[PDB]
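A single chain, nothing else alongside it, follows as structure tokens in the form deposited in one PDB entry.
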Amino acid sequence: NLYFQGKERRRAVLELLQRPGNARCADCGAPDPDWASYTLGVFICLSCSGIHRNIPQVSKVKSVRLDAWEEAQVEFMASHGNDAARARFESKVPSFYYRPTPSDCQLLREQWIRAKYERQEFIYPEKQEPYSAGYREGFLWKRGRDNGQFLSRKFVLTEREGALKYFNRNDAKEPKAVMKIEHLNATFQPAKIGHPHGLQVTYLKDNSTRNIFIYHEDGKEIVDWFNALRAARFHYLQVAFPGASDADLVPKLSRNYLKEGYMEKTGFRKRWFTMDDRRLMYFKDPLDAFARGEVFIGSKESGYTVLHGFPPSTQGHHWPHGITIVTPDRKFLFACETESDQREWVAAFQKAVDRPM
């Protein structure tokens, strides 16, 4: 009964999706993947399948449900799969190495797939040296301090000195800037930086917060920089926090910002705000080289409250939608342009409020 034959082959491959090990995209972790690399033997989301197609000499994809399958292809998935791929392709992933989520930028999702399956960095660990050696140097494009032009500059990350440094566009032996690892936070910001490989590096200098904005033409190179920076952070935290587990530390290597955007602050004046964990920073503009100031936001239990609207007898022209933050010592007033802005900011603030000290 050929109908039964066809049906059985179809339900065989579907049943593989219905294995717990295959319940999430192999690459980004999105639930319920619908596609497959029948050459890598993994189940993946639509988005990751699109990336896989761009490495055709490595990965060939089909829809699990909507494409025709050969017995041997189904058999290959059955002998392989996502657990198998974890053991094979993620065998030697360093603890510091950033693993992308579905909301990450394309660069990170793409480079993850390439690192695992193309370059096979976690099968052959000598390939990990760019981000594992505690020393890395190379050229990067850096946004001008006070202008929008990028200049190519030599950067050096040196664990021995606990710093990232760059140099002038000259022969000089002494760096232009030294950025200490202890308070360095690197996040990818392609939208903001206006380059798909745009990396923001934010650090503490002379008890003030500073930003640089850099990129490399090559996706691999920038992502190597990023992971090198994480390595340095990790090795730092390990020293700083004896007895802390890997899991304790890894979430601290770098931190995406809870929320960023324009708000008005007390007259009222528009500033670009950035919520970094418990630290609400502001700037004149997103590409400002320095923080103009900062507000700390502790726990509800520590006397912090987030309230909607403005207090009675608030005066001025402002944006319509107010937020008040009550601290044990002070009051902070903000005005948001829109309600969704307000809702968004309220929630970010509340995240800090709701989290114990």
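Just so we're on the same page, rigid core means the largest C-alpha set that superposes within 1.5 Å between forms. Numbering follows the first chain given and starts at 1. First, how it differs from the form deposited in another entry.
Hinge residue for the rigid-body motion between the two forms, chosen from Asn256, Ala23, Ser95, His235: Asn256. The chain behaves as two rigid parts between the two forms, and the smaller of them turns through 15 degrees against the larger.
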Contents of the next structure:
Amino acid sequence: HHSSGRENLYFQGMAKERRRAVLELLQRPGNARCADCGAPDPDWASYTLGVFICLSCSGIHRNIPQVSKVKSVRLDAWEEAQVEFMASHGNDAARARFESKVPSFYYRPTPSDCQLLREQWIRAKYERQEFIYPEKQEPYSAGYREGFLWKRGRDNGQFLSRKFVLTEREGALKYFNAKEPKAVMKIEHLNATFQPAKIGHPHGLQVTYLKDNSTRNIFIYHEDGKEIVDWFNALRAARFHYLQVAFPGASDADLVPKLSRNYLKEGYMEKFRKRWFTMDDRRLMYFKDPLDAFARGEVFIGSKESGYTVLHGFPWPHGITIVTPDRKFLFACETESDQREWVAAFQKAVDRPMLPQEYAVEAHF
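Here we have the form deposited in one PDB entry; I need the corresponding form deposited in another entry.
Shown next is a single chain and nothing more.
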């Protein structure tokens, strides 16, 4: 309403009836979580895309203003048409549109994954629309990819440009520094995991080849973000296809989680010597530098059943001792926050029943 006379002032008041509408929309089916990273209780929105998202993801959406425009559900004034869009869309709508054609091997980010993975997921879906248009997936769907990737030297720690070739036909990733390749890594033994922090690079990918109970660490990166992520997913395609033929009768659902393993916990501990530690499923590796090519040592963590226990204290402040059948391993953590975690990641192993291959790995150590 207005006021009588010359000035005649328009007053708006405290209504905020439109950002109330959107708020009620957060209770609709499908809108319980971030459209993109799955984080619970989204409290932001892209009104041109009509999705509901978390604070962190909304940051990434601001970089794509030609596709996404964001508002807080609670701290932003909303135009009427904008509420209407959200009302006639939402996260289920966007799944059917933008996640229409997502290869079952393609990696979907979690909130803790690195920024590269989360941003390239959002861009893939909304900017490039890689999953509306199958043509766009050819880089990681042809079963053959080749290109140069900056690779870390084994001991010198430099990063130098080297041709790589992933080929599903031969079933291997190989690189050349050439005639025959400098190395050939059987896809049965590849894992890949993003490690931007460790590698010192936003596009840093750790690729591990396990030949002869030894696990070589290769550390590589691409100047362009999309290309390293295509490489990443090509590798996953390679593993997947390899696994389907290596293990038919196994479902896709049973095979996807194997495609590539992310570490449960890494970080320093004392062994007293300061070493870097990687907990990959069952093998506690340790290193001088985190960018070492080969574990200085390994330690097999079996099960409660096979005479393996993890314990607090020692007989640095907070201790964790890993009692095995042969010997005992004393570890010291800096903080309680860590001790808590490191121990939680070990207990996952103690609990679970061992597999036959894990007996074969134990038989070595």
